[PDB]
Structures are given as C-alpha cells and as structure tokens.
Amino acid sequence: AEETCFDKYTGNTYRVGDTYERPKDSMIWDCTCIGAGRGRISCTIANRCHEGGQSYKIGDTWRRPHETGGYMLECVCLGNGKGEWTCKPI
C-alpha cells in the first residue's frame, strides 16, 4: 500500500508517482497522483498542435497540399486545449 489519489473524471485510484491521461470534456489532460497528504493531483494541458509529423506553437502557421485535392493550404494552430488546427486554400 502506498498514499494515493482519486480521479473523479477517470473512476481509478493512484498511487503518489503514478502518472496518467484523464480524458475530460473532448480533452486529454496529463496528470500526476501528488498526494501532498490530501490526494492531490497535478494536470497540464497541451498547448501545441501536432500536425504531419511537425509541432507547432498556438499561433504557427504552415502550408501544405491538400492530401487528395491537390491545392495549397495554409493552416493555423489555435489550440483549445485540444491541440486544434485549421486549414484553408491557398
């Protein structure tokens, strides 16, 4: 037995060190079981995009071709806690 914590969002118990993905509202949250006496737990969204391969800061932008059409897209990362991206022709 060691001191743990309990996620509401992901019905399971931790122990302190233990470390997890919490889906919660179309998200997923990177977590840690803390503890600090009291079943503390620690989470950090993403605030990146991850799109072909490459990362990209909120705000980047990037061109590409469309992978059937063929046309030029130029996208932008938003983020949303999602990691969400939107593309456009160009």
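Numbering follows the first chain given and starts at 1. Compared with the form deposited in another entry:
- Structural comment: of the residues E21, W62, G59, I45, the hinge joining the rigid parts that turn between these two forms is found at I45.
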Contents of the next structure:
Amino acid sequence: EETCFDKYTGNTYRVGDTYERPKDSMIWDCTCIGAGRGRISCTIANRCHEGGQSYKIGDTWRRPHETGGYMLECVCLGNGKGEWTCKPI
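Moving from the form deposited in one PDB entry, what structure would you give for the form deposited in another entry?
Since only the chain itself is given, any partners or molecules it might have are not part of what comes next.
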C-alpha cells in the first residue's frame, strides 16, 4: 500500500485520503497523491482566510461595513480563488 506521511499532523495517509493541515495560521486542505514519491498536495484555494479565521465553502461570518452603520454577512464561495462575498444585514 502506497502511503504519505504528514510530519505536522503525525499521520499516515493512503492514496486519495484528504485531510486538514493547520499551518501558517491557516488551514490547508491536503490530499495524499503518492505518485511513487509520497506526494502530498495542499491548497487554500478553496478556503477563505478572512478576519483571522479559516472558512470552508458555504461558511458564513460577519464584519462591519465601512460606513459603520450596519453589519455585513459574508459567505465563502471559493471558486479556486479564495473568493468571498458579503451582503448587508
């Protein structure tokens, strides 16, 4: 069985396993690819890292609008671009 070991999580994964790796004050979405080299690919392209937190696609959060009169609700869209959008509450 081909595996990947992640030195941060301390776990051994099989090919195709996905998992979270907290690092750099963010959360990386990692995949054990293997490829005969214990190849791991990790990405934040489908997370939003905003207001010091890590959000998955569909997660929401709040931040004040620049005018200060009202709050925004934001949602993480991802789109391989860490895309998020916010509407007034």
